[PDB]
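Protein chains: 2
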Amino acid sequence: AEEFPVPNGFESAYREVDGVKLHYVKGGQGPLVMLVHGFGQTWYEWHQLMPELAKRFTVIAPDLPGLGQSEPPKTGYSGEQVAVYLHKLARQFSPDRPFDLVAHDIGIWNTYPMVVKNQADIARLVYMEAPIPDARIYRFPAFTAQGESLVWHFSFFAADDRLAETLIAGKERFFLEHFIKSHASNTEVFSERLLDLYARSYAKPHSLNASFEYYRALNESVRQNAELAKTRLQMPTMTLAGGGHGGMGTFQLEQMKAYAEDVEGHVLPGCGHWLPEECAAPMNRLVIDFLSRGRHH
Amino acid sequence: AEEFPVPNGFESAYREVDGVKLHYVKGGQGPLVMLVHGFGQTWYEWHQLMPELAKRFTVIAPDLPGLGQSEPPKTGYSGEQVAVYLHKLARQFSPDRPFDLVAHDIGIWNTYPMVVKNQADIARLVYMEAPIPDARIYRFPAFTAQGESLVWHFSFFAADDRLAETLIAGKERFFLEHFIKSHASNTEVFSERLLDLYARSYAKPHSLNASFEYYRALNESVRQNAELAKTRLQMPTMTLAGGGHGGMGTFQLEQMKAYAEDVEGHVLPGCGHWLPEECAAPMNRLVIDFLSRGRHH
Ligand SMILES: CC(C)c1cc(Oc2c(Br)cc(NC(=O)CC(=O)O)cc2Br)ccc1O
Ligand SMILES: CC(C)c1cc(Oc2c(Br)cc(NC(=O)CC(=O)O)cc2Br)ccc1O
Numbered sequence: 001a002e003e004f005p006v007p008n009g010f011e012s013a014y015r016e017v018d019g020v021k022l023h024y025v026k027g028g029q030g031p032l033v034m035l036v037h038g039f040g041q042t043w044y045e046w047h048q049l050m051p052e053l054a055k056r057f058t059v060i061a062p063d064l065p066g067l068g069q070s071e072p073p074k075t076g077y078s079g080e081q082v083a084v085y086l087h088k089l090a091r092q093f094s095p096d097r098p099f100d101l102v103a104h105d106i107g108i109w110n111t112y113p114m115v116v117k118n119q120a121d122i123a124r125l126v127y128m129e130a131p132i133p134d135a136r137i138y139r140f141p142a143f144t145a146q147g148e149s150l151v152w153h154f155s156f157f158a159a160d161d162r163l164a165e166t167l168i169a170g171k172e173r174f175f176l177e178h179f180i181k182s183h184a185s186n187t188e189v190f191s192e193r194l195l196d197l198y199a200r201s202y203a204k205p206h207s208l209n210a211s212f213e214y215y216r217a218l219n220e221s222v223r224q225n226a227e228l229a230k231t232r233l234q235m236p237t238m239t240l241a242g243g244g245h246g247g248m249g250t251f252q253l254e255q256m257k258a259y260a261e262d263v264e265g266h267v268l269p270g271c272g273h274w275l276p277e278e279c280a281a282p283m284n285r286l287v288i289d290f291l292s293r294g295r296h297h
Numbered sequence: 001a002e003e004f005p006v007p008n009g010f011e012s013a014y015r016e017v018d019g020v021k022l023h024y025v026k027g028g029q030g031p032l033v034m035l036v037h038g039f040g041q042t043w044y045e046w047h048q049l050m051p052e053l054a055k056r057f058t059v060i061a062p063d064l065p066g067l068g069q070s071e072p073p074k075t076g077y078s079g080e081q082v083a084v085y086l087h088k089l090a091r092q093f094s095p096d097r098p099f100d101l102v103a104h105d106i107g108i109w110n111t112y113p114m115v116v117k118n119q120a121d122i123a124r125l126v127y128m129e130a131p132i133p134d135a136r137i138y139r140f141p142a143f144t145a146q147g148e149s150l151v152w153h154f155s156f157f158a159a160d161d162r163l164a165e166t167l168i169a170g171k172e173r174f175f176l177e178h179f180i181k182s183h184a185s186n187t188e189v190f191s192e193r194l195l196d197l198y199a200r201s202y203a204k205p206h207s208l209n210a211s212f213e214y215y216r217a218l219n220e221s222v223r224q225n226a227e228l229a230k231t232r233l234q235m236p237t238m239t240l241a242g243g244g245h246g247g248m249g250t251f252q253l254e255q256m257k258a259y260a261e262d263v264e265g266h267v268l269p270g271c272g273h274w275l276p277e278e279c280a281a282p283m284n285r286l287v288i289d290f291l292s293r294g295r296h297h
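Taken in sequence, the protein lines are chains U and S. Numbering-wise (UniProt numbering), the first sequence opens with residue 1 and increments by one. Numbering-wise (UniProt numbering), the second sequence opens with residue 1 and increments by one.
I should point out that these hints are in silico values taken from the structure, not numbers from a laboratory. Don't take every hint at face value.
Which copy is meant is left open, so a pair is good if it fits within one copy or across any two.
[Said to hold, decoys possible] In silico EDC-like links for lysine to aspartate or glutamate, alpha-carbon gap of 20 Å or less:
hint: 1; residue 1: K181; residue 2: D161
hint: 2; residue 1: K181; residue 2: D289
hint: 3; residue 1: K181; residue 2: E148
hint: 4; residue 1: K171; residue 2: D161
hint: 5; residue 1: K181; residue 2: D160
hint: 6; residue 1: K230; residue 2: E148
hint: 7; residue 1: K88; residue 2: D121
hint: 8; residue 1: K21; residue 2: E11
Extracted from the complex, chain U is given alone in its bound form:
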């Protein structure tokens, strides 16, 4: 069974990595690029970019552990633990050559440690729409002069006693529509049909729980990254962020400058958090062009 429609000419399959069955969608030929989704979504956020990249690359888009059709992690949900699964998965498909990495939202949290620990394995890097977990996250406001803060959910999801699962169970579809639209500028792209697809996936009880465990592990990830960040990234890096409602604006590039020696950043006007769907044309173009500076076919 498939939760989301696979693009024509791609395959949906699984690889067991360290005892965990990871779902991925793969297509194309050439050097490998791995696309890693974030919270509220699955590999499917990349389904418009995938066919375009597959003209020049082998493209793989996994479901994060516990989300989509991937089994929960057996170790834990901190960035360093999850990154092991992702690094090993990618290296199964590209054992002898570096691969490219594109990550959105908590995809960043779940890949940063494997990038810094295996720099030679990463040719080029694109990060969009989430802070790397570090002390900067403790400075985000709980409440703003415009109202509902964009990261209040960090505390909601991290709260003990399964506060978030308990309140959200049975109302997953309602909650996700609010969360997604509240973080968007171009809300019109989030049709009821599309929201139904994403909600059905994260409503699986293990997936709802997994979602929140990433936040319960956030402070551990921050502690992990305080050590890891002693070495700056050396590979070409690009950041993207939305400049509209819900977007991170200038924060993305500014933080990345502290992490990377070679970084270019873009803020996309009139686009919020959900770049691949809110602003498919300019986002896809930026990603394709950036990755095409390296060898492809």
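Keeping the supplied structure of chain U fixed, place chain S with the ligands upon it in accordance with the hints.
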């Protein structure tokens, strides 16, 4: 029926104020002291203090509009709008003398405008455990290195789509217990019976909504207060705050120093946010002593 047991020597009663039926509990003899509760609670949080104060003062403890047994406001939930109801209620019982005001939590938000605009009506002021709404609240962090913030609910409650009512309905007791305990040092004072009573009251659909409408009006309250604060408070003021887990610590007095000419403050070690219940004896002592410096029975 009554939602909470009325102390001997007191009466549960109602008054119409600008077309809104307000509930209160009243007893005692002497000059008037009005005690105003906050979020998650009702007049009943004052039930231990009331008998002691009633030896020296006439004591009135209203339910905030929409909460407890009080009708919702017909104007709105902003601080300036709600304060009109509370000011006029107090003046119905103390038309010829100033009265004292003690407020906890959002009782502060709902009284500050009438205090600054009618200073001749306020003999002495006691504020505990909430910021006066101003730009300071925009600095509180969304997330902490120890986990959930004490104020992420500002955004949860202010959010549109009736997010809070929709998620909390059917789980009102569960949520309130979590909220109370996360802001408490001394959780033992919150018996199953006490939590049941508070949960049942705010679970009334108009009360659950009313609760959150206070937060949906918070930015408006901040804008209102930016103008009102041009005039400093001149009456003798005392602040109280908890020094333990869940408490506001030095913030209460330090903020008040910017608003009031004559202020003294105390921080109570070993006490959290819910001062009248967690630390009834020393809080009661401090309030009774401070108010008893003025004229009484
Ligand atoms: C990942 C996702 C949910 C998301 C998080 C966001 O957090 C931020 C917030 Br709130 C506020 C700021 N600006 C500050 O000045 C805060 C500070 O550092 O003091 C910066 C950021 Br970054 C914003 C958008 C967004 O889509
Ligand atoms: C009323 C209630 C819900 C509540 C609100 C609270 O908010 C906060 C407050 Br106040 C002050 C700070 N920070 C400082 O004092 C540091 C400084 O400003 O120097 C941080 C926070 Br977070 C805390 C406890 C509490 O129980």
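Status of the hints after comparison with the structure:
| no. | hint | in the structure |
| --- | --- | --- |
| 1 | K181 with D161 | between (27 Å within a copy, 11 Å between copies) |
| 2 | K181 with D289 | neither (29 Å within a copy, 52 Å between copies) |
| 3 | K181 with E148 | within (12 Å within a copy, 23 Å between copies) |
| 4 | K171 with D161 | both (18 Å within a copy, 13 Å between copies) |
| 5 | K181 with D160 | between (26 Å within a copy, 11 Å between copies) |
| 6 | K230 with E148 | neither (34 Å within a copy, 27 Å between copies) |
| 7 | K88 with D121 | within (11 Å within a copy, 72 Å between copies) |
| 8 | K21 with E11 | within (16 Å within a copy, 66 Å between copies) |
Violated hints, in rising order: 2 and 6; the structure is consistent with all others.
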